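The chain below stands alone and is given in C-alpha cells; this is the form deposited in one PDB entry.
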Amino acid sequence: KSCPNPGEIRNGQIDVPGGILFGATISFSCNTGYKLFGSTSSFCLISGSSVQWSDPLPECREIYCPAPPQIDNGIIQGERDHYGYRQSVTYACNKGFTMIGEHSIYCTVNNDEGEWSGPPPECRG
C-alpha cells in the first residue's frame, strides 16, 4: 500500500507533506534560476493492479534570458550562446565612440522567465 521512494530532483526539491502511502500527494519545485520540466505534483494511486506514482518525476532545467540586445556603434565582448541567472554581458563602443551608461547588464529571473537587468549602454560619437 505504499509507493516507491520518490528520490530527488537535481537543482530542485520534492515536498512530501503526507508521506508516500496510497493516496498521498508530493509536490515539486526548482531552485532559483531553474524551472520545472514536467508535472508540478504526483499522486500515489493504484492502476492496473499496482500502487505507483501518477506522474514521472520532473526535471529542473536552466532558465535563459533572451539574447542580449545589440547596440548601435558598439559590440558585446565575447558574447555567449545562452545566459542564465546572474550571468552578465559586457559591452564596448567602437572606434570613435564613447560609452554613456552602465557597461554591463545581467540576467534576472521572475515567474520562471529570464529578463535582462536593465537597458544596454549608448555609444555616442
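Residue numbers count along the first chain shown, from 1. Whichever C-alpha set is largest while still superposing within 1.5 Å between the two forms counts as the rigid core. Compared with the form deposited in another entry:
When one rigid part swings against the other between these two forms, the hinge lies at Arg61 among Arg61, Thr40, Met99, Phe22. Rotation of the smaller rigid segment with respect to the larger between these two forms, from C-alpha superposition: 22°.
Give me the form deposited in another entry now, not the form deposited in one PDB entry.
Next comes a single chain, given without company.
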C-alpha cells in the first residue's frame, strides 16, 4: 500500500515527513533564489489495487531581479545581463561628483519576486 519513490527536483527538495504510504503527503520546495512552479505537494491516493501520487512533480525556476536603476552623473560598474539572489551591483559617482546614499544594492527575493535591496545612491556636486 505504498506509493512510488517520489524522486528528485533539481534546485528543490522533496519533504517526506510521514513516509510515502497511502494517506501520506509529500511537500515541494526550492533552494533560495528559486521559486516553485506547479503543484506544491502530492498526496498518495488509492487507485485501484495499487496506490499512486495525486499531483505530478513541479519545477524550480530561478527568480531574477529587474534591471538595476541608472543614475545621473553616476554609473554602474561592469553591468551583467541577469541578476539573481545575493548578487550585487555597485555605483560610482562621476569625476567631480560625490556619492550620497549606499555604495551598492543587492538583488533580493520577496514573495517569490526579484526585488532590489533598496534605492540607488545619488551623485552630488
